[PDB]
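What follows is a single structure, and I will ask about it in a moment.
Heads up, this is only part of the complex; the chains shown haven't been moved.
Lettered A and B in written order, each chain numbered from 1.
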Amino acid sequence: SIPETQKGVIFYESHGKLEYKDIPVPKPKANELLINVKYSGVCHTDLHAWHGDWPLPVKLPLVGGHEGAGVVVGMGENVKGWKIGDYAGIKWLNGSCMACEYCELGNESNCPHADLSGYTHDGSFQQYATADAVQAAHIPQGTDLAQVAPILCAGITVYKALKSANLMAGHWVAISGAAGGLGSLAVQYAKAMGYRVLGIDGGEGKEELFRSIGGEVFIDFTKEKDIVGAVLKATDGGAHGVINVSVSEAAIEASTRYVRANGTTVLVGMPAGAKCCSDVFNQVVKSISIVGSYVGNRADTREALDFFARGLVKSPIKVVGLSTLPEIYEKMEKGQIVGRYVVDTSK
Amino acid sequence: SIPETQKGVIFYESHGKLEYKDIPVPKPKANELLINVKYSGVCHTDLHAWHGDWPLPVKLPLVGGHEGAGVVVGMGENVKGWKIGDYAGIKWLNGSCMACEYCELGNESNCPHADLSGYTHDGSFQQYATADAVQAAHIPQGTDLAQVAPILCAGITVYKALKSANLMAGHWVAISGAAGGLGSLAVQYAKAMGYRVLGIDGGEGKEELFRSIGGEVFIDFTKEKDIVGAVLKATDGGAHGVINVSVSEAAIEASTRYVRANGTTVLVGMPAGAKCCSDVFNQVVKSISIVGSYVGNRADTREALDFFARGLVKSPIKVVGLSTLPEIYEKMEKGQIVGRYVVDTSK
């Protein structure tokens, strides 16, 4: 069958206590799939949802997590092109209204009535989770769900971000936070897109990981006292594009100073209460764009999962049990997560 | 002939005393035209060069002014396609190196070795001024030089800025400072480009001018206490594009908040020591680009002067004498300049 009770990590108040307990199995709405979430990536956005670091409020009590890879155990009556047993991906964008100007254009993420897994919708830190069938990701059969789970928010995000920077092949892309969860996949997406990857990160295991996944230049922010000058030399004038997948505001500000003239600084990371204080003179006389970038749409999901399918991207994951989700968060705020963490909801 | 002495407004120290006295007539270099500057637009950048409001240093003693419209009285030996008597325009970009990556691409303004009239090169607040012949603007014969002078920095700038905002016809463009020197021409360029122009300015004669030149919605910043909300209503979700041609940093910051999702806030105005402190969360979840924009290139100059030629743009100018240049600056810092001021170098 589909059971009545399931295991999930749920918190009832912000920065309170994540309880791995038994919660009721959700019922899929007319348009939603019920997905047996096998593995789920643990994004930093989940730490932000728990701490309430962001302006928007979350749907308490909340089962976070928005990188779920699972099998469709049930569907709604109005779900059309989906089978039971198919591989589905719960992304951050649970669904959207698919009618507003933004949605029609393609910008489904920047939509007023966009449902958000792991914030406004009980996400994928649970064995069974519902997801709007139009926005759920189609994961090909015979795919390692643990390996594809981080591609559902980190992969599509950094793919849309690297497309957001208006880079060309051969252009320098500085990925700020290049050994984190999103940065370690941005390095691989950018190399597969043709760019020269510069990496800025620091800590135990960060430079080694960055060199592992194919990065070109690594600049350790805990050792480099002049980061802007270091990325004004490595790059020969600045990085034609910058991807801020850090959780630091000082990194977001330095990225505006080591970007090339006519370059694009994409803001992807969303630290708590951070502002991108950009010098107006330097941004104008260099014609620097500062582009915010939200999670990708269905087209970006298809393209990022296709990059994953060809074996070009491979997020460095450690699969732990869902029981361990408290200890991941306390390991994620301390910057000690090298690559991605994926939780076995079973365990 | 070409005389030995000429009249020019020259200052020897920043925010010192602008002296309208007799200075030697320059000699055109091998690549430069000597232009009998008949009329010259007075930009706010000239007030910034005098006050030294900007990071870069100016070439003291300096004859400012970078909107000169004049006749070519002499040329250099290596100048090719130019006649004596032709109408030339001294723009902010006096010249460029025309060899570096940026110059080759087309971004001649963001070039390391770009010569700048009215900053690093004795500009057009003088009867005779030299200008690199490759970057000088070709003004058609039978043109009102007084009327075309403001198009040489304000016009090409706001044209490149409106092209920088990635707007489409019918999209809302909020021009911040829409009755100033650059804003009053941005309103006209945007309407001729097809956009719905919202205007934000305030003071005596600003709303009336804005309504004169064809603006749609005017929002008076000295009366409107909620500017962001007012431009979130007029526009129905925010302005698809914003052009910051203000000299205020609070305007630059509010423009990041009343821009539409997936909209572009172009920074054109460069107030003294201003920073574009942008909320990272709001910029990311709305995918807002913040694009700096410098003066246009030769293509943008050609296209903006073609817009002027068809009679579509007409900067509201008051032609005073060059003798009056001190009194313009003290009228420009006080925000009391409605439209543009143009100086008769003769007078």
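Of note:
As a convention for this text, a contact is a pair of C-beta atoms (placed from the backbone, for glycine too) under 8 Å apart; a residue touches a chain by one contact, two chains touch by 3 or more.
The copy number for the entire complex in this file, given 2 shown chains of one sequence, is 4.
Convention: only the chains that are shown with their structure count from here on.
For the copy pair chain A and chain B, the superposing rotation over Cα atoms measures out at 180 degrees to the nearest 5. Centroids built from CA atoms put chain B at 41 Å from chain A.
Considering their complex, residues 54-56, 101-102, 105, 107, 109-110, 164, 237, 249, 252, 261-262, 267-271, 274-294 of chain B touch chain A.
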